[PDB]
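If you want the building blocks of each chain, they are given just below.
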Amino acid sequence: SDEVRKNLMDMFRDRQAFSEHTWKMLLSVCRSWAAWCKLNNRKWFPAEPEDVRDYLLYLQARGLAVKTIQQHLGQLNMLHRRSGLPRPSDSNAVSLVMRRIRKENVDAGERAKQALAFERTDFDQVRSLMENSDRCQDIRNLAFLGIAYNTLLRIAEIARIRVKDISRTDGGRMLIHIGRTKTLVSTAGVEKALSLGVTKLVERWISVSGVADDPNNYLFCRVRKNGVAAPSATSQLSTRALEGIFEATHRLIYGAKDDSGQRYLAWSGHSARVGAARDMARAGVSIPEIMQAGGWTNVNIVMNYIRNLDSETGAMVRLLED
Amino acid sequence: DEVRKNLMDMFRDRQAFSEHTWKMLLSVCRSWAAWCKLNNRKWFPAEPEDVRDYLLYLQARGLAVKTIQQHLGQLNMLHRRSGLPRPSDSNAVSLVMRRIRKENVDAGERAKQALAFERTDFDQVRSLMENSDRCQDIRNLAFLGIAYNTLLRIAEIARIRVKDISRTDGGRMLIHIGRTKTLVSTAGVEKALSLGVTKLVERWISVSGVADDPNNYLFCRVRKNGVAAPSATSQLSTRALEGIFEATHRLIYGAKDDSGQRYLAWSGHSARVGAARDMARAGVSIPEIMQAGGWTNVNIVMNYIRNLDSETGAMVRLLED
Amino acid sequence: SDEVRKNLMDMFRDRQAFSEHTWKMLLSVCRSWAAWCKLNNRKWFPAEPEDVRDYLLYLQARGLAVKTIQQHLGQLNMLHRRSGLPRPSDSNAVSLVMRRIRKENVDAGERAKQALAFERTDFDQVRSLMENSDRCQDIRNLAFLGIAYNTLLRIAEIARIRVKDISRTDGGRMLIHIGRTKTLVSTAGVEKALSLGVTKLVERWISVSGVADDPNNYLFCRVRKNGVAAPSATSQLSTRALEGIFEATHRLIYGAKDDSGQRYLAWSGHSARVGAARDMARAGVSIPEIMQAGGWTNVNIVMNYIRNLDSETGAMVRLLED
Amino acid sequence: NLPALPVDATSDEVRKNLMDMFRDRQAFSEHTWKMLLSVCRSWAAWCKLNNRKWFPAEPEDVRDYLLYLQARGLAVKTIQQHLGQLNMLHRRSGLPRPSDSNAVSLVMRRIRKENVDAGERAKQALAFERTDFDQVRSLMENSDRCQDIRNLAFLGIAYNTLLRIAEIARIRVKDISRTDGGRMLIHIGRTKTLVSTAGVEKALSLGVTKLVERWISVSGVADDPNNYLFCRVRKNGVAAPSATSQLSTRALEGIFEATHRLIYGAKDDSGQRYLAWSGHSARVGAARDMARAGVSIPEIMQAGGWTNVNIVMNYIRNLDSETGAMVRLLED
DNA sequence: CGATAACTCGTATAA
DNA sequence: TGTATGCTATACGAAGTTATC
DNA sequence: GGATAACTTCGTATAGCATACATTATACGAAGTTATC
DNA sequence: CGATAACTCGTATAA
DNA sequence: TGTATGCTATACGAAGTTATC
DNA sequence: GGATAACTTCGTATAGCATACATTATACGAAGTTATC
Ligand SMILES: [Mg+2]
Ligand SMILES: [Mg+2]
Ligand SMILES: [Mg+2]
Ligand SMILES: [Mg+2]
Ligand SMILES: [Mg+2]
Ligand SMILES: [Mg+2]
Ligand SMILES: [Mg+2]
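Protein chains in written order, with the deposited numbering: chain F, 20 to 341; chain E, 21 to 341; chain B, 20 to 341; chain A, 10 to 341.
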């Protein structure tokens, strides 16, 4: 069609309207839908309802996670709607098998995993264990954790903090100003305040590294084997790295992780996030207050992030034991 | 013509719904059809004008609002899954439905909920049944101890099975809740019996000896003698477990009226409702509660504790200062 | 047209799918529109932009309130859309004129009046002054006024309260149950609980009048010259009545409604709502707690119910004088 | 008024509609027409300079144009303003609007993102809090210059009532009444909305009254009740009452600028906005003072006329009373 | 009986 | 009274006015 | 005549909000209507 | 001059 | 990462069952 | 033999609760890169 090739053409020219992470996944599900589609002798676009339904099932057979099967059907979907042609999920065949796959796989004993938690308990420990270090590497990481725990920001949002983004409350606490996050991109921003405790842990790392040199510097940066922080203002620390700072401080206190190859065996990016999220509910904070700390818009999600207490647990058990 | 194809695919993957949905899908299609041949109307495809006369009918028969909607609901799905117009996209249907809802709620119809099986009740049922011996009066006190200690649905309480059970060095059981019923389980992946409730559950495990095979289901049938008949193929039915509540409630307040009101005696939910209500009384924050049960909206939990003294209101607090 | 005679029919057919006063007012408008339409030689249906406009213009001349003209324009649009036609407020002309008529009025001086407040301080007065009487109607009127300011319910709702609707908390506080209000209609409904002191003034009138001999008995009912009750289950006390009860009680203390033809010169239906709303505001109750105490689902209405403290006022004044 | 809805360009009924919108012009705010005209004017010149057709607008061009503004360095709220007016021009004349088409829509979304990442961020008024009133008051309360007396009256009334500046330049004497307590009370007719969410009267404190009464008896504005409360004052320190001409908003914004220039000195040399008090400084200030002294968000919002928490919060966001919950936990 | 306390209708305006 | 982005103010540098130094 | 305090007007850049939609309630003086007195 | 500390990319899966 | 509404699950009188009493 | 106790299985009437839609982000092992030891 003329129109379909213009709609598509329109999109690529403004591809940056979408998240780079969206492109990465569109191209991956695309080349993966193309491969199969070829080694089966089928047309890959516009996608025929029946052929996709098949594909989805091959993905079930491959033993892939539900949510991965989704994302695939999902990117095939955007690719179309954006082209202005009806989507695969617009046919009963795709629409249903998808639910089936979501049903079958659920009972086979499959649910969604979620990051190991990094709670206050753990903060106090790691803090007191590296509180007294004098090394740049440590001084930093003990500041990256306090922020992550206190502000509940995602790791990417943190890699982005620039020094000119920090200001102070009158009483002393710090204030980071966050602009773009996973679900809000505006000029009004939002101010996430650290505490007095963490404020000092950032402060120590600020001087000990020297980044307050150019306000346009990113607050966090590399520290090479020689122990010297190498500030910058064009390249930020990869998320892969902050992810690393987690794994490490757990391969510190508890060393070597399993040979299971299972996911979330040690701390990762979301840990502090789900961590504080727990400690709050447990401390009895209101629903709205938890929503602000997290940056969530509805009970629906806050509610998700809770899997809660276990050992003796809490709630009922604490109630039964008079 | 084409619809017949949609219909076959609609079936090819019948797996896409709960066995429990199909039941009502047929149960209603059955009823709709019955009404059609008796008044002279084609039951499929449905024509608004007709559906409307049918809906206004279920009102007369006295069926409650929330039901008329399940009828209408089901009808819709039947047409949508077939390239066809639902009946609710028609101007006449949606028009009467509003008529009916306002007419019924106005005529004084009301929605009810389970009778609450609070702690006060678990304590009074623990006594007279505590020092029993009968291989049943044991299984019953253990099932109840669980229903209140986990706000697990009666259906999940069936599927539980030995393997699933394990222990915490605290000395309290901890039922692994494998095979949830939602991809993202807002309820845990591990419920944990208290201290007493554990002990009470152990008793029934030895006596019944479901223990042997781990695939066996924790609870089971118990014949007129007083002996457990373990098994790992058939689970102790939903109906069964409901009755267990029905009994205990008959054993303390006699039997039901002559009337037909529902919730005249504890049923499956009784457990949760009580649990909820009590945590409220204590001081547990709504999120903790919402989580302990496994809830996601919040109205439903407020629905339960709406009549406590704490959740009275702000004007009250203002008048009593 | 042919269809339009159907749509209009279906409509009149299940006319019970709309409120009483919706239809009441719909006709009343077509009866003003049809009028002006005859005497001016203009078709009345389908209404032509210009015509509607000339009319909306007329009403502004006849001195009507913005809010009123808006009702006329509104009813006119329901009839057209509900019958399958484009709305007259769909034409660049009707809408711009409607927007103009407001702007001009507001910019002149017009503003929207609101019920005279019946604060917590008006309760206490009306109480020690009727608290001791033994009359059959002074006992009623004081419960109503109690349930009114205490529950915030709208009079039409109050009228509908049947005895089988009341239940009790263990603390012993009546707890009325409403199911149909201006904003929502369902089987779930909400449960307004009364204070202790006020649940008492009800436990009274229930007895003294004994409307409690048949459940399906409206908690509130007429009194007669002789001071005798008069229960029912097929006749609710008139809303027009409850509006009276307020005036009366206002007379009782402030004399006679001065003659100025103006509205809100003495207590009326909403006087309890605006009242309570304002007291809570002052007292310092939160937004989500006020919203709930009045059946509102959004900050922008609670806010709409306030035109706070006069004279020495509050806030800024209190703030500067301290 | 408009650019030049063409002899052959404005084709058909876009002429009908357009005529209509102009017939009922009083339907939009004066300040709205000002922008609409200003945007067409501005789009029109880029179209001449760049050789494009100015109306109806073609997407591919509106897009090239929005990417231009971005480059000129304009802000995102400014670019949406341009797109917005252009949209009305079209919709209010019958044609299908820009950003009703894939290209404009997408570009716009892209412009927004890019800009935020370059860390562009909104500024708000510099607060005129209560400790500023006090400092500014302990200084000009000893002056007898008639100007000063006027200004101090204004600053007082401004902080005390949280009224917009345009709203103040309309308060006319006949509007000032008295309270049994001896403190003025300003009725505020000619409000801003059918439903005046802020009130129908504002009461001045006892002290802010002493401050306004001394301007009233030195200017002589009482001579004619219809007179505006505030007015000019010339080279010679002499008042000049009127009932037809109100003081401009520009001038009130000037009283704020100068009152800041007085205490803190000449203004910094960059071109940044909000480097000295402006018309919103008091509303913003008062908002913070109320928060700091424990006042319910409803009570605050009504004091200002706000109706959307999202705003009065953007003022008191960096207060300590709002540091959040995770800070309360971490802090034993 | 007729005079009265105590209570359906249309238009205007707020929720 | 609840659900849908689009109108409507202020910011401020600079140029144009008008009565007093 | 000029120079100049103190404005008013302008025009473009940006912050701050406010209403259309689609019903559903109340306000209130006037008739109309029961059972008491 | 290696050896080593400390940091792109493709698929899978959560938010 | 959020939610109106479209699927899921319990309620329960009553009929079949299958081992004990 | 005949009468339960204790259950399964039904069908319809009602409560309860959670998803499709459209992006945007994190998990993590392997491979690559650059100062420094
Ligand atoms: Mg999907
Ligand atoms: Mg302007
Ligand atoms: Mg200051
Ligand atoms: Mg000045
Ligand atoms: Mg300053
Ligand atoms: Mg000058
Ligand atoms: Mg994949």
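Hints were generated in silico from the structure; no laboratory data involved. Just so it is clear, CB atoms sit at the ideal spot from N, CA and C, and this is done for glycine as well. It is possible that part of the hints are untrue.
Residues from chain A shown here face chain F by an in silico Cβ test under 8 Å; the list is partial [to be verified]:
1. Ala80
2. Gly82
3. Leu83
4. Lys86
5. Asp109
6. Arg119
7. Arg121
8. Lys122
9. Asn151
10. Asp153
11. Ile325
12. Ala334
13. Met335
14. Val336
**Message:** Given a cut of 8 Å on the nearest C-beta pair, is the interface hint for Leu83 of chain A held or broken against chain F?
**Reply:** violated, 12 Å
**Hint check, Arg119 of chain A versus chain F [nearest Cβ-Cβ separation less than 8 Å]** = holds, 4 Å
**Request:** Against chain F, run the beta carbon of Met335 of chain A and see if the smallest gap drops under 8 Å.
**Result:** holds, 5 Å
**Asked** When the nearest CB of chain F is found for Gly82 of chain A, is that gap smaller than 8 Å?
**Response** This hint is violated: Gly82 of chain A lies away from chain F, its Cβ roughly 14 Å from the closest one there, beyond 8 Å.
**Item:** When the least beta-carbon distance from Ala80 of chain A to chain F is tested against 8 Å, hint result
**Value:** Interface hint status for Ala80 of chain A: violated (15 Å vs cutoff 8 Å).
**Prompt:** Does the interface hint hold: is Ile325 of chain A within less than 8 Å of chain F, judged Cβ to Cβ?
**Reply:** violated, 11 Å
**Asked** Was the hint right that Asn151 of chain A lines chain F, CB cutoff 8 Å?
**Response** violated, 31 Å
**Prompt:** Would the stated hint for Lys122 of chain A survive a check requiring a Cβ distance to chain F of less than 8 Å?
**Reply:** holds, 6 Å
**Request:** Identify whether the interface hint at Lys86 of chain A stands, where standing means a beta carbon of chain F within less than 8 Å of its own.
**Result:** holds, 7 Å
**Agreement of hint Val336 of chain A with chain F interface, Cβ distance less than 8 Å** = With a minimum Cβ separation of about 5 Å from chain F (threshold 8 Å), the hint on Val336 of chain A holds.
**Request:** Report holds or violated for the interface hint on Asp109 of chain A, using the least CB-CB distance to chain F and a cut-off of 8 Å.
**Result:** At 14 Å from the nearest chain F Cβ, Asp109 of chain A fails the 8 Å test, so the hint is violated.
**Prompt:** Given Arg121 of chain A as an interface hint, is the shortest Cβ-Cβ distance to chain F below 8 Å?
**Reply:** Constraint on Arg121 of chain A satisfied, holds at 7 Å.
Consistency note: the structure conflicts with the earlier hints numbered 1, 2, 3, 5, 9, 10 and 11.
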